[PDB]
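Given the structure of chain A, go ahead and fit chains B, C, D, E, F, G, H and I with the ligands onto it with the hints provided.
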Amino acid sequence: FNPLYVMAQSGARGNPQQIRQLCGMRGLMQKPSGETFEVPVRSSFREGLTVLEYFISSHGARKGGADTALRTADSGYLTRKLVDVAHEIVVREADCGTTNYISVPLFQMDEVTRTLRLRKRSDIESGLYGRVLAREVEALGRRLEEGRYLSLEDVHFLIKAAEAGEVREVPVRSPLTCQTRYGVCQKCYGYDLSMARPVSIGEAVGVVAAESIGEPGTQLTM
Amino acid sequence: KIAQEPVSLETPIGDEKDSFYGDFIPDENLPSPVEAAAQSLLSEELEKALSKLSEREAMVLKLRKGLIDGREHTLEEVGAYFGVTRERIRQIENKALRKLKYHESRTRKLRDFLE
Amino acid sequence: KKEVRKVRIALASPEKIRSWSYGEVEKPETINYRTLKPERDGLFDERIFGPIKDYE
Amino acid sequence: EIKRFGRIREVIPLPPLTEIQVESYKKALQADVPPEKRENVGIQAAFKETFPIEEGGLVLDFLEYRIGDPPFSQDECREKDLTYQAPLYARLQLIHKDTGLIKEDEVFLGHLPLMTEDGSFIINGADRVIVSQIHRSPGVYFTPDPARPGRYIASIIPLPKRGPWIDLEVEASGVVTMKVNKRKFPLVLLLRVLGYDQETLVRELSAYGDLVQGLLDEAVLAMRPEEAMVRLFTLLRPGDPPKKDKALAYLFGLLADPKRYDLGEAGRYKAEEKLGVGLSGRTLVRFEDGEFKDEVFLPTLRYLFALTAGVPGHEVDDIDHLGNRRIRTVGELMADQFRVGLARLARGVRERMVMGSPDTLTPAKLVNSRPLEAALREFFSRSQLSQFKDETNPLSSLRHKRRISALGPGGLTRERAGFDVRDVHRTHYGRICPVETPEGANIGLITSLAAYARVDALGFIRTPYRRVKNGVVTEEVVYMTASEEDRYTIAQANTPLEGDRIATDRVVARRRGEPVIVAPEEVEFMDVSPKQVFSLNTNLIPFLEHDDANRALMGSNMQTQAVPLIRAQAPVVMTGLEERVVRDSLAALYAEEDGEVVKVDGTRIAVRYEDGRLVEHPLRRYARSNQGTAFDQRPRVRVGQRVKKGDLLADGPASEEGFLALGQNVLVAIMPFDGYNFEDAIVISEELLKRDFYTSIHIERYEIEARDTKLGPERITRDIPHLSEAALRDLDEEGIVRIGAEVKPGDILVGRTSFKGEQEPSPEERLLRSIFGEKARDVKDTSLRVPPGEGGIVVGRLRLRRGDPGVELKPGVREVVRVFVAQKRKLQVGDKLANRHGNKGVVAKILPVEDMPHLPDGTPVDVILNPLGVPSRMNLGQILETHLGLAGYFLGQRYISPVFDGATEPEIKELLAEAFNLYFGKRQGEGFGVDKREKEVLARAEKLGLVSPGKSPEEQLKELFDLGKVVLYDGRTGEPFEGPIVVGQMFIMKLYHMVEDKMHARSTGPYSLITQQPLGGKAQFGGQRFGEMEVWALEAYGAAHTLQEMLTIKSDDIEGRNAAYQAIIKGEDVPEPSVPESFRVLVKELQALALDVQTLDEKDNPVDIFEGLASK
Amino acid sequence: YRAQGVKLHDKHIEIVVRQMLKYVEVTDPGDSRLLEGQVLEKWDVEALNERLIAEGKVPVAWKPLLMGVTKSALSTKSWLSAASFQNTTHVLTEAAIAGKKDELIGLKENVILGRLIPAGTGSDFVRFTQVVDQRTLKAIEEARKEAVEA
Amino acid sequence: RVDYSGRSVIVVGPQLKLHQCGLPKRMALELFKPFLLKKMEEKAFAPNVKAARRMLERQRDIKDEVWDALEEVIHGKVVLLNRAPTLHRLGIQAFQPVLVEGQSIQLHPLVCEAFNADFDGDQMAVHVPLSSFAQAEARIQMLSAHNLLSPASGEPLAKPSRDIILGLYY
Amino acid sequence: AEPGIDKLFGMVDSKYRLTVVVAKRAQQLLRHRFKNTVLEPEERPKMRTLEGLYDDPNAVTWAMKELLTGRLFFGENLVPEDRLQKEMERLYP
Amino acid sequence: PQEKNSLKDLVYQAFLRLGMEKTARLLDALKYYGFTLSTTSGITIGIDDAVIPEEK
Amino acid sequence: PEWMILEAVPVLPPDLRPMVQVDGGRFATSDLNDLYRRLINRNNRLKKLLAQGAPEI
Ligand SMILES: [Mg+2]
Ligand SMILES: [Zn+2]
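Chains as they are written, first to last, in full-length UniProt numbering: chain A, 1017 to 1238; chain B, 324 to 438; chain C, 2 to 57; chain D, 2 to 56, 62 to 1118; chain E, 1356 to 1505; chain F, 622 to 791; chain G, 2 to 94; chain H, 905 to 960; chain I, 509 to 565.
So here's chain A without its partners, still in its complex pose:
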């Protein structure tokens, strides 16, 4: 029931390596030249760092601050560009009317370990969710028909099926496969995900999507 523990453990504030440098040790620091140092920093922030540990830390710390703070601007370089190429993308035809489509695996081969395992939950959700079926599906009794709108439930159903080895490929409607001129279509796109329902026809889907990809931009340093 400790406040610090529960704090991050519940999902409020804090992360594991962050707690480590509080109740534990702060961990060996890195040199700005890029080669990590050869001496640890031991004592936690609660214990307090000696002048050395603190300076030696300040190296890669004040370094990192500059890393993130620098990439902040780079986010614009990404976003703006993505905007200028997505502006002309809107959902016009409800029906694009193409037999074209693409399939995604529910398993990603672990390199050098071979043996295709499975994509973690969020991963499958990362493009099966809110989709629209391209073709018939048969597994474990009840079969999906042509056209159904995949929901967070349907996705899990696909997982269950995949484990049964009855399904691997997932035929869906992609923006690529869409014949909607200067934009996409209902089927080819999907749920409005902010409404968890089919995207409103006339929506800024591409244009919105740009923002969707751009927002995470300042958050990837590594």
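Heads up, none of these hints are tricks.
In silico SDA-like cross-links for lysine to any residue, where the CA-CA straight-line distance does not exceed 25 Å: (1) B:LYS371 with F:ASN669; (2) D:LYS1024 with D:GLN834; (3) D:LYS716 with B:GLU328; (4) G:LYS25 with G:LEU69; (5) C:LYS2 with D:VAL1099.
None of these hints come from the bench; they were simulated from the model.
For chains B, C, D, E, F, G, H and I with the ligands alone, coordinates are given in the frame of chain A:
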């Protein structure tokens, strides 16, 4: 003063690289929207408070303010337009005017615009 | 008078440019040092570029 | 009372931290130094170098320069909007090479700004600051080729603007093509005029091998020194003819000329001891009787080719190495502009000679003022390192003038920053603060000078290290440079210092900055104090070693954002520095000797000094500062007593009792109070407003000149044509407002009145005038009102009439006025506030003293901050700051905990054990006992483990007490809290940004003259920007018309924005827009490039963009 | 993204790429007015070929063209987009020379054009929507019989 | 830049619903001047437009008469509140104007996350959707209470904040 | 959380279609000063004010609650735009 | 114990099995309640809450 | 294509880059103004040289 040349609108203001000189200048050339309505208001409110004037002392009260053809019409000509004399129109304006002053001081509808 | 759904852009010709113009400004004098009013040929000229005061 | 801690006693105190500004500027002044013994460096270098000015000719030489007496004191300037500058006279002699006319005359230069005591200058009444510039020290250097790893490219470089770049690159052509001033050419082309032919080219080169081939060339070496002197000159200058005498002059002036090439004394020094040579002047070569001998190029070239070989000792140099990087100081900077700005007059001298009356012209007609004067003022105003002084508080100016700017005209930019000049070199240490830097995109650019760090005339920042021998503390304090430091073994201030010797075998040490636990005896140096490892503000944070550097940075910078309070109070937990802070900042007035306070007089504090003389120091009580927070000297000295020399007399704005007092120590409960303190938010008790805590006063400047237009001038009076009765209230004589009058936003200050531009009133308006009868008078109202949101009271009444003594106004302007307006502001809702540990926040509402999580003693908490931004920001210092506060408030004694050396867990634990042990006395003694609610909480803890079971509540509440926590009730309910909540005194501060100012909203205001868009900032009174990101955000949702209004109706569109006000005023719906008017601009704009702007409609047809306008 | 912990959805990313490769290169123009090595959007070539098959002519042969997002945005049919984008100098020339007609196909072009955006509520799909209350609705429901007999 | 708009710092909304935002009095006044000018036209007190205009535009003398009158045009229509940068479309959400004291601006703590907000002194701006059409847009697809799911995930946005989580968990 | 939201969105297909309907109707409610509406004095928007509790003048809300009944008709190509302004701006002043 | 994730799943499942306004109110309920729920406990952070493992 | 070589000069309207005074007594001008100025100066002096019969250089 004369000697001193003009000033480039691209001259940076402050110490930061954003601010421009020209972007710091207002536009009073065109009447502001607040003035669009302020003026269009008086142009009407003076039309309704005018109708309480005789068919002569009104249509004539406009000709002396450049309200009619936009150019001002002197007393001499107004008296020629109504068939009256360079004297009659003169008193007409006086009385017609203050006769409106009573309606103004009693309705407070136009009592603003005193700048 | 007509819904504008289209806007093109292209090159212009010396003639078309002559048409766009209301006159040929010559003198470098922006405005007088005294009257600060548009010079005869001044860049800011009020003679062929239209009045600074509405209808006046 | 007070209590100190730690066993690390600073041996040597902190040097005058304001000297890096003052002293360094003093060298370049030499005001007292006679015009003989002047050091020739700095200001006398501008004369030494730019003289004699020659042309049967003229030999005009330099003699002296008279140090001017300030015309107007630093005060007069600040109130006259004039620069604090003094006429610098100059004495010289004009002679002729033939006539022998020795004609001498004392000419005059211009006016040079003078520095104050603190280290800031005065520019047009606004005080500014000259920061420091950083770059690799001049000299020679060697680094691997950025285009190839297999070799090593070297280079040479003097002081900026005092000489051109130098580098000898090795192209992939196998030859060696040196590149200087952006162009390539083989080394032979140099050696030609250097006195080294084909023979001398192979003499010592064979000690290399493959390096003897890349140099030798027959197509060149057949050309002796004056023979090919012109050859390289042709490639150098495509314009001027390849004359044999032009290459005798130009190229010469670029090398052997110490006046056009100033190779900094450091460069002439540092480079001298590496390469193994004797270079005399600041030159490269020597103009020795005709051809040009070599003092530099060969001795560096052998090193360049030595490293690329692998021979021991010749190696790459560290570019970021502090020992290789000098600092441009105030005098060293100002002098830089004095010289070039003097040469700009040197040519103006040589030109005014070749004509007129060559017989005898006094140098008075020859010399000029403007070419020098304006050249200096240029740097003293529009340069980078000349920035607006920070007076937001006393510490502001201190740190501000103590910062190091990597920027400036002179060697870096926002582009080549990537890591190198951003990151922190291993040797930073006791030179520059590894943390305190702008948190913005400028990180690692503007740093701050370390405590004991000093910058000598050589630019090599040096750090104190207490010398030690045989493991014994020596009283010999060495200022060892960032260079030498990379040689010896430096111990640490936290080393086992006992009985003036080393205790434990394993001692803290390092070489070049690499941690090593080595034997005691071998310790040649040590760290004087941990304080030097950081900057000023950095060392103002207690238990800072517990706070992650990240937020600690903000904690250090925000020290400046903080604002003084009339009633403010020094932190009950200090580091033992803040004392001197107020002294060295010169923000406090002490006694020059041992005085005797005679008459306090909150204006004039007199102290009859022991020296028998009677001296008094007037007080600055309540006077405007560069931002809002005034300066105050609160007399703390009784109307008589004998003071001590150096003892304080009158306080300062952030200075309480000679201590740095930013905010006021306040008890804070760490807990989620109704989600009000959620996510670095703040909560405050009304009880603070009662005692007027964190409340300040802000003065502002309001000026207006009586404009003299073409239509004719005007005046500031009380008369106004349409003005009403009351609106004239405090105008009493000349149209000014009396002192101490409240001006709510919307009121006025002065009386400006000018003839309106005469224009016939609109017809409706003409009749409107006739009806009522107030005529349209010649003159219309002008007078300057007060800004929307700065309600003050008038204090400074400053009038300046044209035609008065010591006032020169603008050319053709009448009387002006600058009125001061001051206002008291209590802590408002949403005002920025932070602790010393770098935890930002805005006051979220307030809270009735009635409802408060008080304690058994009936003392309600005054703030209550949520424990959210503690773990993520790792601010564990604030935890101790408040933890001590618990015992602090109870025992009434303050603390001193130096950074990294201070009170620890056992110590604090004891202070809290005593705190509780005494607290119980005011309970059981006062006739009370253990409360039931207390039992509730105690039991809960006994279940959680916070209090060991089997122990009575007396022991449990005690253990919970030393934990920093206690039993808190709820002033809203009265029931206690399930868990305990830490509390106690903490140092916090109300930051600069206050909603009282920033917050703004407009309806329909002015617009940019160009396009009908509004105006950014609350200043010009305009709306915010909807820039492209916002537009896209709208496109996302799919709100069309919302975007329409943005692009047209609610922004720019001509008839649209008006039709809007029309509709809304008439209670209806606004029509859909048409012409954005900005776009209309774009049309003709493109047309100016002969771009036919063809607008089509619904089917490929003409459209008239500009309604009936340009249709000709 | 999944590495850094971003729950981002495939659709978006897909649209992007769709824009990247949506252009093709002209190879053996066949019977068309095109030239070997010219470039244009997938829909254009697809259309012209679809028509060519009916006209009897041989379809235009081609090969996929994968370019960068920037380059794509600068090659888009709408000249306005690239005009407001960047490298403005080069863009305007290329447009003006051939006299490029922007129909405001995209939104940003309309943004600058200060007109009703073809997307959102402004979408030509719903912007023509009508609204009537019962009373007035059945008021106008009768009027069509006032023009048939008269 | 636009007309009818402004900015200020931010303050948490512990009593505030998803569709709510604290809007300062003195702010909302000059923000809604064109509207209130009509609601004052209708509701007696000053005879006409200019009357009310100069009436309130002068001094600080705002009587309760104009307070309630202002609230009459406030209820219903909701104003858009934005926080820079505009990265996620959620960086702009529509909320119901709530006349409140003080200077700073309130807001729902759950949506602040989508705005990348924290109360360090952050400054948010505000605009007003004038035309009925646009206003409608503001209250429906543009409204905050409406879009609760992240368009880049499908997962919620207005999900419990760092604090609330700690409470419910506890 | 405008009442009937779920039902509102659920009525039409897209979001925009709905917004457009609410828009045009809300405007129509203003052009006729509320004497058009298909609702009843109990159903009409109610704004509670200290002075008196009147009908909420907000057009938007008017249209909002208006569609919830369904008495209103919509969709493209409904009736000729011509006679739609002859029998609309006539029946009400 | 209902922590972040569980709450998340609750929000989704609700918004899908219920509707916009309904779940809108639901959220605010957990907000207003959670704030006070946390308030009563208060759960402060002391230096002694940072306790170091004996295995260090 | 010959249009690329232009005889006329499309001169932008005056009010699009004006010169207007501000408070304090001094005026302010756009950059494009002085640019256009240098343009006509050379343009006129050229004519002056032409009819003059000045040499090729
Ligand atoms: Mg912030
Ligand atoms: Zn499709």
